[PDB]
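Protein chains: 2
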Amino acid sequence: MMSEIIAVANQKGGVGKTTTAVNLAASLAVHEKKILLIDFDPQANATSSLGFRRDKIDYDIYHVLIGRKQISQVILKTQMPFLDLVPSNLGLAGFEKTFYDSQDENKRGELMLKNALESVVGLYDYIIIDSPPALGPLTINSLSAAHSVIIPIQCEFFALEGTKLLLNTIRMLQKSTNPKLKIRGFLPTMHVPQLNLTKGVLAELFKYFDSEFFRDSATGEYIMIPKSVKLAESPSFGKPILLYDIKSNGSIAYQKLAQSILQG
Amino acid sequence: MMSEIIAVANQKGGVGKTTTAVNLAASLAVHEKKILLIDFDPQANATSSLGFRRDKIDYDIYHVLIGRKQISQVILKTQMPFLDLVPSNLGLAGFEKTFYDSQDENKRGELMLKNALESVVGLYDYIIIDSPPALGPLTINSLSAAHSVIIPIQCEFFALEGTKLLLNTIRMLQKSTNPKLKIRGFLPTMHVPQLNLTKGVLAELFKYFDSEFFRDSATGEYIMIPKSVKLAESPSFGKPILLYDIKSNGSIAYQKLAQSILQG
Ligand SMILES: Nc1ncnc2c1ncn2[C@@H]1O[C@H](COP(=O)(O)OP(=O)(O)OP(=O)(O)O)[C@@H](O)[C@H]1O
Ligand SMILES: Nc1ncnc2c1ncn2[C@@H]1O[C@H](COP(=O)(O)OP(=O)(O)OP(=O)(O)O)[C@@H](O)[C@H]1O
Ligand SMILES: [Mg+2]
Ligand SMILES: [Mg+2]
Numbered sequence: 001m002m003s004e005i006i007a008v009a010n011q012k013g014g015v016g017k018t019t020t021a022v023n024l025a026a027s028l029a030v031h032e033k034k035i036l037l038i039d040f041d042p043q044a045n046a047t048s049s050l051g052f053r054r055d056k057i058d059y060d061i062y063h064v065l066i067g068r069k070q071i072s073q074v075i076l077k078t079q080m081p082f083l084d085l086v087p088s089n090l091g092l093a094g095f096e097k098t099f100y101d102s103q104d105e106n107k108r109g110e111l112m113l114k115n116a117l118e119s120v121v122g123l124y125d126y127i128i129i130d131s132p133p134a135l136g137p138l139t140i141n142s143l144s145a146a147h148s149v150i151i152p153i154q155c156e157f158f159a160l161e162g163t164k165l166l167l168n169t170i171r172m173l174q175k176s177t178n179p180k181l182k183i184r185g186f187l188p189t190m191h192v193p194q195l196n197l198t199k200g201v202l203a204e205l206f207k208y209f210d211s212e213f214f215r216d217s218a219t220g221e222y223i224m225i226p227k228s229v230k231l232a233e234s235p236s237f238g239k240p241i242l243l244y245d246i247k248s249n250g251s252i253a254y255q256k257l258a259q260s261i262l263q264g
Numbered sequence: 001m002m003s004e005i006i007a008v009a010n011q012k013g014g015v016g017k018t019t020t021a022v023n024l025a026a027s028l029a030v031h032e033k034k035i036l037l038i039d040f041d042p043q044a045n046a047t048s049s050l051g052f053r054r055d056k057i058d059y060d061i062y063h064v065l066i067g068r069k070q071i072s073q074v075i076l077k078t079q080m081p082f083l084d085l086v087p088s089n090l091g092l093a094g095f096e097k098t099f100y101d102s103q104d105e106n107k108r109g110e111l112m113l114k115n116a117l118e119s120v121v122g123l124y125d126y127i128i129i130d131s132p133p134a135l136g137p138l139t140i141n142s143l144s145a146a147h148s149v150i151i152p153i154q155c156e157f158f159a160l161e162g163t164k165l166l167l168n169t170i171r172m173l174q175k176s177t178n179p180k181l182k183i184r185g186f187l188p189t190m191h192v193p194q195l196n197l198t199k200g201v202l203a204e205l206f207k208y209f210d211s212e213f214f215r216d217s218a219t220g221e222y223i224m225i226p227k228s229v230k231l232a233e234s235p236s237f238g239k240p241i242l243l244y245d246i247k248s249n250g251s252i253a254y255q256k257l258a259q260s261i262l263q264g
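First to last, the sequence lines map onto chains B and A.
Here the first sequence is numbered in the deposited numbering, starting from 1 and rising by one per residue.
Here the second sequence is numbered in the deposited numbering, starting from 1 and rising by one per residue.
Note that these hints are calculated values from the structure, not bench results.
Any given hint could turn out to be false.
To be verified - Listed next, the in silico DSS-like pairs over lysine-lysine satisfying Cα-Cα at most 25 Å (straight line):
no. : chain 1 : residue 1 : chain 2 : residue 2
1   : A       : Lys207    : A       : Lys227
2   : A       : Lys230    : B       : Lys199
3   : A       : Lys256    : B       : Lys97
4   : B       : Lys56     : A       : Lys69
5   : B       : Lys199    : A       : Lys207
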């Protein structure tokens, strides 16, 4: 209902999905908009990014999906008063099995996350979903639950084929399980402007998808997350970058992203 | 000939599994060892890396796993006479369902790739398997088919939690479906030595797993693949780095890796 649910998705591995989900969630939360981050990857990197140890997590999103727990029972408060987390753990890897079992019986396996979110949509301004690297049941559940999708894009070769495919999947879902699903935007990540490869991949993407790239709401510039040493360091301190170095380039870029989201 | 089957595996996305599988395969082939590269990711990045279009592949590894085709029917010659490829395609994403069906009926499924490889173990010196980013059915099959596993590691924060988890899976399989399974080695990838994060992560990894790291036997040095612009460029040209810039640091490093493999 009230919450805009935003999936951060891209089947390619290591393109900044988690970094984006975490830092966007934080960058929205610092405005005292109430944010819920869903770690929807069994590797649980978002969870770890916010300083939570895998060995310290009790019940997680998986338990909610299978009905062992209500989502209110697993929600954790973070260092930021307006950022809450539904953590992940290894047991989310069991989801696939569950999914297929669901499909065999009268159930809509693609909607399990959507259903799980039902009881908190009226309680948050934004729900941000960190998706895993594939187009399987988990990512399908993420996209099926979302109002909109942010696609982080690393400008290297595999990005070209990959983006097209993700778009295909999205359109599939638009014609089936989630008609209202929109692209919130493409977000270049780990961006190194002067590389020939970067320029080539970007130019190719602009040709088809110019209108999909995030724009700075004050200046009209394209929003891109620069490759940043500090950004890589941040999960090692268990904090979003804005909590300790708010003037760093990565922090600044993610805050521009949040402003863009807050406007609509 | 009796193939050594080597899985390139790591559930983390974008850590150089594909770059490593492709370039190790090429680096072995130039020594007139007959290599079979198995693309075991539905995204088919290895396939694309060798100049094959996804939309142009007829039958792939998927069809072999489910018994529709014998593996000899899907093998493609590449630009290099000693390097053959079993290509992948999106339909490989259907394997999961099959796997779970199998687990449900007789608790089998882990050995489907192994079984598929039986008829070519006498025809190649090495079979290199490019694994997808997760610890699901595909990675389980890759590891269950292998003599040994190469674990590429990007030395950033998530490497710590991840590596331990991968070891757990390996141990599990060592206790179940694949007793002979060994770690061939850990391989730092996209390596930038002077970064504080890299130093910290490497120190922790040496602390627990020093003995697992790949070594150059001539110097005792740790083998690491340097971050390389040319390495990132090469798949865009459909070539292994040794065909694209044989004198580049990435090419040199992968040839060292091949030496480490060839020496035993
Ligand atoms: N803008 C950036 N600058 C420098 N390093 C970054 C940046 N963004 C992400 N990283 C680092 O690159 C690595 C990969 O990022 P990340 O884990 O967020 O991607 P991912 O898409 O979630 O990966 P996966 O597919 O495995 O889920 C991480 O170690 C992360 O810390
Ligand atoms: N040593 C390197 N230097 C520079 N770029 C690299 C290096 N190794 C890999 N890359 C690039 O980083 C990206 C990720 O590498 P790669 O696709 O091989 O990882 P992966 O583990 O196979 O990811 P996935 O889990 O999605 O299959 C690729 O764009 C690749 O070209
Ligand atoms: Mg992630
Ligand atoms: Mg790959």
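Below or equal to 25 Å on CA atoms is what counts here, so check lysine 199/B against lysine 207/A. It is violated: about 40 Å lies between the C-alpha atoms, which goes past 25 Å.
Taken at face value, is the distance from the CA of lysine 199/B to the CA of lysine 230/A at most 25 Å? holds (15 Å)
Quickly compare the C-alpha distance for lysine 207/A and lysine 227/A to 25 Å and report which way the hint goes. holds (23 Å)
Given the hint that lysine 256/A pairs with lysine 97/B, does the C-alpha gap stay at or below 25 Å? violated (41 Å)
Hey, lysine 56/B versus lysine 69/A, does the alpha-carbon distance stay inside 25 Å? With a Cα-Cα distance of about 47 Å, the restraint between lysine 56/B and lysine 69/A is violated, given a limit of 25 Å.
Figure legend: structure checked against the earlier numbered hints; hints not met, in rising order: 3, 4, 5.
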